[PDB]
Structure formats: structure tokens, C-alpha cells
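Participant: Chain residues, written in single-letter form:
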Amino acid sequence: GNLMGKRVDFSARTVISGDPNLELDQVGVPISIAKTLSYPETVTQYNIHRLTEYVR
Amino acid sequence: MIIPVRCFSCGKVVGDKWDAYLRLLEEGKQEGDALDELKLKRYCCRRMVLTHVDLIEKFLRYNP
Amino acid sequence: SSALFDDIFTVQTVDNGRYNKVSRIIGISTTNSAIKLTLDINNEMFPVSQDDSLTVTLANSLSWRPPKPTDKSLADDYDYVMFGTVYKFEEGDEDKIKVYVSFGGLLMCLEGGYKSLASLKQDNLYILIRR
Amino acid sequence: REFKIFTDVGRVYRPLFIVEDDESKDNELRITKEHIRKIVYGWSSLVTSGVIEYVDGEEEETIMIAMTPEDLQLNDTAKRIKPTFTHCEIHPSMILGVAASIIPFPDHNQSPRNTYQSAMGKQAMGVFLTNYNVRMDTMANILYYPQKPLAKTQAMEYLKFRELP
Amino acid sequence: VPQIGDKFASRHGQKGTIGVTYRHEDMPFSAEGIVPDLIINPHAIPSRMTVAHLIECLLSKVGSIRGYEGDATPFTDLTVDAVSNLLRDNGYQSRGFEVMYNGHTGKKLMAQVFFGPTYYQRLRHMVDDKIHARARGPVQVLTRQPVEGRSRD
Amino acid sequence: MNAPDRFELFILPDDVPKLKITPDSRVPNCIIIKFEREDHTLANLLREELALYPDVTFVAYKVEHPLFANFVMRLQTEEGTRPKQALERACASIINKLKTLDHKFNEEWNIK
Amino acid sequence: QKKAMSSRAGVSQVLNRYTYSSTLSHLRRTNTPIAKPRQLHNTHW
Amino acid sequence: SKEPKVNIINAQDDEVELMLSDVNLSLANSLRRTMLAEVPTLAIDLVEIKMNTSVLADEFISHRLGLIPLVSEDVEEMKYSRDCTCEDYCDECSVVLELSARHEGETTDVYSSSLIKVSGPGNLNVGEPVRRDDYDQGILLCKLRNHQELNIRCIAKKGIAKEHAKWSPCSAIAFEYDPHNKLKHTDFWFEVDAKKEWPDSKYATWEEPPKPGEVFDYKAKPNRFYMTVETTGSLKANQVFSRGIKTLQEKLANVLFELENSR
Amino acid sequence: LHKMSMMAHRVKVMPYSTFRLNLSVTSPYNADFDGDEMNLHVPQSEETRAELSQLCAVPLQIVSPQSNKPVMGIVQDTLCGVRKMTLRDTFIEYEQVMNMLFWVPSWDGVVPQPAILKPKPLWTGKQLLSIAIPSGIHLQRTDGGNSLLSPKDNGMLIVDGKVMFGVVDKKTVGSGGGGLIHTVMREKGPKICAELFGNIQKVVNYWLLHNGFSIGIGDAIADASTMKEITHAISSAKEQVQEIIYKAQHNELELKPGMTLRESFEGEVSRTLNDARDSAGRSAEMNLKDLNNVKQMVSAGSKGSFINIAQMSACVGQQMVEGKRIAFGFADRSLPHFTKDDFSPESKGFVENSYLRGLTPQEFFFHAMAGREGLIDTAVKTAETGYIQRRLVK
Ligand SMILES: [Zn+2]
Ligand SMILES: [Zn+2]
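Chains as they are written, first to last, in the deposited numbering: chain A, 339 to 394; chain W, 1 to 64; chain H, 2 to 63, 77 to 145; chain S, 615 to 641, 644 to 655, 675 to 708, 719 to 728, 737 to 818; chain V, 973 to 1125; chain P, 1 to 112; chain L, 462 to 495, 502 to 512; chain C, 2 to 107, 110 to 266; chain Z, 451 to 844.
Take the hints with a grain of salt, since some may be wrong.
[To be verified] Have a look at the derived ranges for each label pair, beta carbon to beta carbon: (1) Z:739 with C:208: 27 to 37 Å; (2) Z:794 with S:722: 42 to 52 Å; (3) S:815 with C:135: 26 to 36 Å; (4) L:471 with V:1110: 48 to 58 Å; (5) C:187 with S:815: 41 to 51 Å; (6) C:208 with A:372: 50 to 60 Å; (7) A:340 with Z:781: 53 to 63 Å; (8) S:722 with C:187: 40 to 50 Å; (9) C:197 with H:106: 38 to 48 Å.
[Claimed, not checked] Derived DSS-like pairs: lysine-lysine, alpha-carbon spacing no greater than 30 Å straight-line: (10) P:104 with C:239; (11) C:214 with H:22; (12) Z:602 with Z:620; (13) P:112 with C:3; (14) C:199 with Z:739; (15) Z:620 with C:198; (16) C:120 with C:146; (17) H:102 with Z:568.
Don't read these hints as lab results, they were simulated from the structure.
Backbone N, C-alpha and C define an ideal beta-carbon position, used for all residues, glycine too.
Using the sequences and the hints given, assemble the complete structure.
Facilitator: Rendered as C-alpha cells:
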């Protein structure tokens, strides 16, 4: 219950509904959720510009 | 739970027709016709009143 | 810049095999008694009944320009013009040949044996019909 | 050659009509259109007059019950094909409980489906009582504007459904 | 308020949730003017086999136009052929069906549709009571792993 | 809860253009126009009146995705003829048609 | 009560109040303590 | 007369049946939805409830009033309070109304007639609780018992059907064309005979039947369209067509303006 | 329980509180929208991502290793409609033929020569649908009576990525062996094929969007005379039973080797009622023209089969549990409304009625007891298979 399978962080779950205008491999994600889950991306002189917008 | 201003389906008003209806019943003993005369043609706006369940009446018998 | 077929046939029969708006017709040639023809057609757009005299022609020539060519060439001196491609070249014994032509969803079959140097193996093929 | 007698407390029972051959001029239901229009006359009298009996599952074993009162005592090629009597069924649509009782024409759907709605019903929204405005209960939902169905069962008339859609 | 996710269903095991929501214009409609409030897919009929739904629809399409209350009770003497004639007496197609024009172009639909009023219950289980997302939140005590239930984050 | 504010289907937000025109490399004399805050109402109307002007070699439109009220229109015309004009005219023609309609609806009306 | 849980749980629940017909059903409900019992017998008619 | 032509049919105060001929379907449909969705109207948007002993909740009532049809004659000469350079709202951009209803007679009813119009109209017929009721009090809001009070205050604003359904003055609109399927833009369902099994439409009386001996005309396109524009009140059905034609124009205007700005 | 029960997808932020997933990827997880919920996990390393795209990407999953065949095809609306859209009777004019190529993201930017020019220039579905199919895609079929001029428009032939003849459905675009999908992955690659979906979709849905489609009770009624033609195939079958019950209540029947006289009694009633219903429906099947929607949805291969139609328009059939017709829970009888030892079909569970006609009480009951059995294991084999599974895994 806790070792061979455990509850983990960085995870989400909601209600599904299909969309006939989304590429096979896509997945429309609710704004709310995107505003919750993060991703540790190191700072680099190639994406700093884009990052500096995102941060403000 | 009171009558619904404008019918969901098409949009046509239906607030006024209430007292009118409950009368054309008690006395004139109509349904189909009353409605027809009330100017309620197509089933879309129609179903609203004839399916309305005026709960408010029992609620009003409550104190506050 | 020449013709590759010219012949009047006669409707042996008209089949509307479960098609409310299309009918598959067949007909033999008036010249040789070896050249047969099988062709699906829009009975709605171009009606046709049993026993009719139609003249079939072919060849490839005169993005996709819209109309406007009214004051340009007009090899449309007919009443039915489909476009499509041809696939197989079959040989029914002897030196008798028979090509199968499909027009983007519309089938057609030709039979005989005298286009051993006329009906090519390219994709090109434009159908024509009159009267 | 035995006689089972049960007085017990916890025996499920249903009601049925009595037939009795009291016709010395042929071969007929004891009940008449006079009992009907008469309906100090409760349901207890409807039983105190020998017009209905309570048949438990055990007693059932040794009786013969007739379905439709009428018929069981040419046709249109559209309607459904229909296939000594001792008792009759008050009405077949009474073998249902709350769930199925609200389903229109359950005899036209795949039975296992009816069984689903039979559960989902217990999970819809509407109005569950009227005093609701004075209840301090955790969780409760009221549908803004309710609506009694356009099609109904005669049985609904007893489920006050028209007043609580 | 009903949202593009809330669950619903009729009285025939035909449960379903909202996939999108259109307005009056975008919506398909009938010459008469009348327009639908709901559009469910024909595919939810063949294997579900629930036919009474289709019937509940018809009957209810009559009581609507006729103003008379519609009896649906079990084994009575009412048939689809009978109802169909009564609906033909009122003016509309004997099977319910009506012509519709695609709300976007106005052009008719090459096909016809089973347009008719049917009862629908709004079952609970609305999205905003399920939607849950976490990234390093309240940790359990004994284990020190996360905690159970969306309610406790 | 997660749905945008209704008024985002027509009001343009801080520096954003209604129209965006891009040249097409695929074939000569062609463009793809991105329309912001719009739908079939105005779309289909422009598309139509272009197959009337026999000077238009192509005219199609599409809705990227239904959640966003926008749409792209791709048009291609004959040699040395700018689509914008044919769009203007046929658009004016609409107004004329409508100017006429209005008028034709007023005289018609008056007779009551 | 006591160190005596050797009873049966299920009996007495929290009456449904989602809808009227829900509540109704709940009171008119029967249980049955534990492939053959689960069957729908004839006698159930 | 010439190119497009109008042909009004039976019209009243709360309807305008009519025939639109010599026009492309595309444009009919386009116009269709414009009435249904993009015509300026005027509905309550902000409600500052003061007292309410009704059995109905606040936002339950708030909803109700939002749909009630208000006057919209000179609706075109006003601006959204949000665009108005006044913080929040004002007479020059909003219309305020009051409502107090106290239950004294130990069932008292609340009809829409009891609304005053305390704010500044900027001197133009508009923002008035459109009454077409014979007596003068259309749409009974609600009833109340013994000592139940109720004090409101409504504020109305512009807006359109897009922004909310509580706006659109349309409410159902008929549309049909070629009742006798001659263009064959449809394939009728049937068991034996299409013609008999498929109800003739009341619009079928204004056009001649197909007539078999004639082959299928193909080069023909969808011309002439039989409609019907129902109204709820607020704007005269005619304006509800003009303003549409105009709003569409206003759009068509910016479509020409924005254009220049891209030159 | 699948390798495909977890796959990496591209994120697309959209409004509204719900996960928006593609249709074609429904059956792998085996989900529906009747309330189902879905779990989502979010990666964390720079390498983790690569690992997600290099091994868990949706395109790589297109071909399931268990049955060396795909596991994602075209479902419902898109499938159902593509069939219609394909038929020879399906024609489309410029106005729509334009808005369709535009809808294809992959369009080469070249309008194909019209299949018709003569008076009015029209096109057919078969044509446009091909613009979604990449060049070099060569497909050959040959079903049953299939030969270079398919009468009923059967079989399927695609060369260079252009449809020559035949209708497209479950058989041709399903999770099958020859499957057009299976070939595009193998011939063109993962990416292109994954995209191929989006195209084929957008196109079909659009067409259907304009062509419309529905279903209603009418699609379930059999001809006026057919409802009669069936009746006497049940009457005669009833007597063809009464005959063998008489011929059994006389010991005038032999025990089918290995079986008991009782078992052998069963063995015939079952094969009699089954074969009756079997043709009962088949009578209606060929009585339902090629326009009947329910039929269409069976030819398309998008839902239900003969059996379904049968049980809804003709005879539901005989009910059964544990392999044998309704037992005798009540001493020597099915129900108390019957004379004892009644071996007939109205007692052993034979629903002679169609859903369209609305079953009798008895029939209605039996039917449930049959279904009741289904739900049972459906609430046991659901996790016991999973039990049986867990071991196999472990
Ligand atoms: Zn309505
Ligand atoms: Zn202001």
C-alpha cells in the first residue's frame, strides 16, 4: 500500500471530455491546473529572455 | 419554484401567462386551447408552464 | 495531339444497384463486336435509359483554374466530362487487351484489343460523351 | 398431504384478488363495480369483505395466479403478441419499488439498463423536502427550477412526484 | 451552474457529461423556429438498446403539442403506431423527425433528426468537486508520504 | 470557475490586432488571414460573396478551435489582383445590397 | 459496545437526502449477509 | 424591383413574417444569428439587494430580473459604464431602479410594475420596464406571506446576447426554403411514400410543386427565404432588423476601418 | 492493465475545468465520458522528459506488441460518417470542397482536378479523403466477391495514397492486421501517422457537421408485411417445439450420445429457439434498405451487430442462466401463474416480443434474471481477472 505503490506529489486528476480538434498526442489541460504544477528548469542565456517575461 | 422568465428552449417570455392560465383552468376548463389562445404555439416554449411545479406555494406557508 | 478513341455504343442495360442517385450502365460497340464498355454514372445529373446511342471519346489534353476559360479553348463540345486515372492492363487470351479506369471514385472498364499502341500506361485519362 | 400454518413475525406478503365460482348459471370475480364506486370504509374493510387476500411466498407454491383480470377469463399486426383461475394480479406494475417505478416503459429497454437508472436516480438533483430552508445539514442540493415529467406512470400519483420532481 | 464537465442522465441509463456548450446561433434548428437544448449522440443507442427513451421522447413530444398529460405506465394499450397517428393529426411528422439547418451555414442537413422533448435529471458529481492537483503539499504523519483525499489537499 | 469572462469573445485585449495577414509560400499570390474575435456570422459571409466575383481563384475559411472565437481565412486570386480590394468591393456590395435592402424595406414598409 | 465488535455493520446508515425518491428507496431497503445468493430467484417476484 | 428584393408577409406588433428574395443563403443565415446574438439590448447586470425575506435566495432573484425585457428605443446612443470616464457608473452611462416590497396583509404579490426609475434617462425613451400587459404590470416576480420584507435596487446596462442570453430580443426565429425538396439538399427518410409520410409545411402553399417531366435543374442556387422574427417587446421588430443590418454594418465598418489601419 | 494505459502527451493549455483528450485514444485505456475520471502525473527531470518522448510517446504506442497490430482506430461519429462520406452517392461542391482542404493542416497546397467538369463541377468523398493520405501509400485488399469493378462498392484499393474504389470502415481503418494505420506507421513513420489522425478527423467531422446525421425509433421498424412474415415463423417454430415436446412426452426421441435424455431434451429446444430468432432478425435485416441509420451504424462497424437489431425489432430471444433455461425455483413450475410441468417457451424464458413492442411481465422478469447473471461476474471477473493478472505479472 505504501511501498510497492505510494501516493505521490506533482499529480492531478479531473473529469475527461474528448476534443475532435486536438492532435492525437495532445491533451487539453484546464488553466487552474497549469497554474499549480511546476517544473524545475535551469536558467540559461538562451531562454533567459523568455523566462524574464514569465517571471514578472 | 415559481415560473421561469423566458423559455429555456427558444427564449420567448412566459412570466405573465401564469395567472391567465390558472384561471382559464378553474373556470373555462381548457388546456390545449387555453395555451393556443395564450399564443403558445410550438412545444418549445409550451412545455415550460405545463411542466412547471409551483413549489413556492408550500414554501410560503413557512414562517420566515 | 490526336484522338485515342471514337465509338457509339448501345445501352445493354442500366443498373441502380442500391443507389438512389447513381446508375451503372454497360454497352457494346457499334463498330467491333469485341469492344465493350462498363461505366458508373450520375443518373441524377445525366439521365439515361436502356437502348441509347452515346458517343464516347478519350485522350489527355484540352492548381486547378476555376471557370473563366469561356474566352479560351473549350474542347467541351459535349455533355459529360470526368477526370480520373487508369490502373491495370489485362490481356484476355489472344492479343485482346482490357484496361480498368477509375475516376476518383467512379469506376469504368474498357475491353477489346486494338489499342496495343494507343491506350498508354500513364495516370492521365479524360472521359468524354455526347448526345 | 400436509397443512402448513404460519403466524410468524417477519413474513413478506402481497395482496391478490379472489375469484370463487359462485355462478349456478355457468362458470367469475367476486368484486363488482359497486365495491369500486364505494371507494368508515378503509382498506381494512376491503379485506374484511373477502375481496383481497395476503398471499406469502410459501402459500404461493400451491395456487394459480392470473395476470390480466380481463383477457384471462383478429388482432392488429403492430401491438405486442399476447399468449380454472384462482387469483388475479392487482396490477403487474406494482412489483416495482421506488427506483424502477419512475422509469417510463422499462419493458422496452434492455433490463440491465433499467437496473442502472435504478441506482443513478438515487444520485440526481431536485428538491428533497420543503422544510429544507430550515435545515442545518451538511451537503444538500436544490435544483433552481424543477419540472414534473411530460410522461408518467399512474403509480407516480402515489409517489407525490408531481409535487417533488 | 452546469459546466462543461458536469454529469447528467435520463431515466434510461443514458448517463453523460457535457463536452462543450453552444448558443442559439451555432445550434441546429427547425423551420418552425424551435431549437434544441440538448444534443446527444445516436451511438449511445445501438448497444445500450434502451429504446423506451426514444419512446418517452415521442410520447412527450405529443403531450407537449397536445397539452394533455402523457401516460407512460407499463403494459397498457398504447403502441408506437398509435402515437404516430396522433402526432400526424397535429401537423408534424408521424415519427417525430424534423428538418434542420446547420447553425453555422444555414444550409439544410442532408439528413433528418429525432428532435423531441425528453426528461433529464441533473445528477450530482459536478467537476469542481473532483478537480484536484497537488505538488508537494501536506504530508502524512506515520508514513510522511502525502495525504489521502482532495479535501485535505 | 475555469471559464473565461464572457466579454473576451469580442473585445480585443491590450495591443492585439483584429486582422493578421500572412503571405503564402506554397503557391504564388496567396495569403492566410487570421481573424481575431469573430465567427461564422462574419466569416461564411465573406467566403460566399467571393465565389460571386469570378476573379477569385480560391476562398476558404476555418475555425482553429471552438473554445476561441477566431478563424483563419485563406484566399488566392488571379495574377496581379489584390484580394483586399475584391474583399472591399464585395463587402461594399454587401452594404449596397443592404443599403438597397434597407431602402427597399422602408418603402415596402410605408405601405402599411 | 465494549471490546465486542463481533457484531454486524451496515445496519442503520445515514439516510439519503439527495432526492426524494432517493430517501424513499433507502427506508424501503433490505440487506442480506453473505455466487448463488446474489442470484435473482423466482420467489422474489 | 431589381437585384435584392424584400417581400414582407403578415406582420403584427410581436412578429413579422416575411420573404427575403434574390439573396444568397449564406447572407440570410449570417443575418439570422446577428439578430439572435449580436443586437444591442439593455438588461440588469448589477443588483444591490438591501432587504430580502423572500423564500428565494439573493442570486436566485438576481437571475430572474436579468431576463426581464426593458425599453431599448434610444439604446444606440449610450456607452458602457466601463468605457464611460466615470469611476464605476452614472446616469450618463447607467440606469438605476428601486424596489421595496413589505408583506403586511397577513399572500402579497410582487409584480414588475412596482419599479421606479430614479436615475437620469439623459432625456430619451429607454430603460423602461416594457409593459404590453393589458392592465399595466407584466411578469409577476413573486409572492410573500405575513411579515416578510424585500428591498432591492437594480442597475441596468447595455450588452448583447453574446455576453448573456438575458439580452437577445429574438427568442425563436423561423427559417425554411424550397419546402418541396427540389434542390435536393436533403434526402427524406420514409417507409413507403415520402410525400404522404412527410408533412407538408405551411410554407408549401407559396410555391409550385416539382413536376416530374422536368429534368433536374442543377445550375440553380438557394434563392428566396421564408422567415419570421418573433419579438419580446423592447425594440420594434423593424428596428430589431435595421439595427442588426446596422450593427453588422458597424462591424463591416471597422472591417473597412481596421483595413485602412493595416495599409 | 496495458502498456498503453500510460502515455506521454503534449500539453495544450485551454480553459474550463477538464482534461481534453483525443477521441481515437479512447479504447486503449478503454474509457468513456459517463463520469470517468483520469489521473495525471507530472515529470521532473531534464532526462525524464527525453525518456517520456523516446519511450512513452503516443506515436510509438500506435502498434501494440501483444497482437502485432494497432490499438487505436477511428471511433463513433468519425467512423460512422466516413462511410457515408465515402459512398458513390456522396458529392461535394467547390464551396465546401474549399473549406475542407483548408481544414487539412497537412494540405500540399494543390487542388486536385475535379472528378466532374461537364455542367457543374463536383467532387466525391473518396477523392478529398485521399488528400490526407501521404504519397507512396500503396494499399491492396480483395475481400469475398471482390474483383476489379466492385458492384456493391466493396473491397478497397489505394495506390500512391489516393482512394481508387470501395468504402472505408472498421475493416479498413480498424485495429486490424492489414489496417491502413499499421501500414502508415511502418511505411512513413510514427510522426506522420500520428498526424494522419488529426487530418482524417477534422475532415470527416466537418463533412458530417454539414451533412448531418441521427437515429430514431423509425430506424427500428420492420415492413408492414414483414411483421407478419415473422409471426408465422414463431408460430410454426412454436409448433415445431410442441411437436418435439409431444414427440418427447412419448419417448419418441433419442439421447444425443454423451447426454442424458433430459439434457438431450434441452439440446433441441435451445437449437430451435436460437435458430428461430436467428432468422427472425435476418428477415428484417434484408428488409432494412441501405439507408436505414441503425443498419448504417452496423455496416460502418461503429456499434452493435445483427443480434442487437434482432432483439429490438423482432424477437429478443430465449433467456438463460448457467447454460440452462430458467429453473424451477417454485416446485415443478417457473412461476405460480403457470400450470405445473409446463415445459413450453413462455415458461422456460423465451421472450417472443421485440423491444419495439414492449415485453410481457413474465418475459420482462426472466430477461432481468439473465442480465442479472451478467452484472454478477461483471463485478467479479472485473478484479478477479485482475487477481489472476497480478499473479502473472508478479
Ligand atoms: Zn419555447
Ligand atoms: Zn460608468
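Participant: Within 41 to 51 Å: is that where the Cβ-Cβ distance between residue 187 of chain C and residue 815 of chain S falls?
Facilitator: 47 Å, holds
Participant: Okay, residue 208 of chain C versus residue 372 of chain A on CB: inside 50 to 60 Å?
Facilitator: Between residue 208 of chain C and residue 372 of chain A, where Cβ atoms are some 58 Å apart, the hint holds.
Participant: Taking the beta carbons of residue 722 of chain S and residue 187 of chain C, is their distance inside 40 to 50 Å?
Facilitator: Since residue 722 of chain S and residue 187 of chain C have Cβ atoms about 34 Å apart, the given range 40 to 50 Å is violated.
Participant: When you take the CB atoms of residue 340 of chain A and residue 781 of chain Z, is the distance between them in 53 to 63 Å?
Facilitator: Roughly 55 Å apart at Cβ, these two residues keep to the hinted range, so it holds.
Participant: Lying within 48 to 58 Å: is that true of the beta-carbon distance residue 471 of chain L to residue 1110 of chain V?
Facilitator: 32 Å, violated
Participant: Does residue 22 of chain H sit within 30 Å of residue 214 of chain C, going by the straight-line distance between their CA atoms?
Facilitator: 18 Å, holds
Participant: For the pair we were handed, residue 102 of chain H and residue 568 of chain Z, check the Cα-Cα distance against 30 Å.
Facilitator: With a Cα-Cα distance of about 26 Å, the restraint between residue 102 of chain H and residue 568 of chain Z holds, given a limit of 30 Å.
Participant: Return holds or violated for the Cβ distance of residue 815 of chain S and residue 135 of chain C against the range 26 to 36 Å.
Facilitator: 32 Å, holds
Participant: Given a hinted range of 27 to 37 Å, is it respected by the beta-carbon distance of residue 739 of chain Z and residue 208 of chain C?
Facilitator: Since residue 739 of chain Z and residue 208 of chain C have Cβ atoms about 32 Å apart, the given range 27 to 37 Å holds.
Participant: Straight-line Cα separation of residue 199 of chain C and residue 739 of chain Z no greater than 30 Å?
Facilitator: With Cα atoms ~19 Å apart, residue 199 of chain C and residue 739 of chain Z stay inside 30 Å; holds.
Participant: Taken at face value, is the distance from the CA of residue 3 of chain C to the CA of residue 112 of chain P at most 30 Å?
Facilitator: 22 Å, holds
Participant: Quickly compare the C-alpha distance for residue 120 of chain C and residue 146 of chain C to 30 Å and report which way the hint goes.
Facilitator: At roughly 22 Å apart (the allowed maximum being 30 Å), residue 146 of chain C and residue 120 of chain C satisfy the hint.
Hints 2, 4, 8 and 15, counting from the list given before, are not met by this structure.
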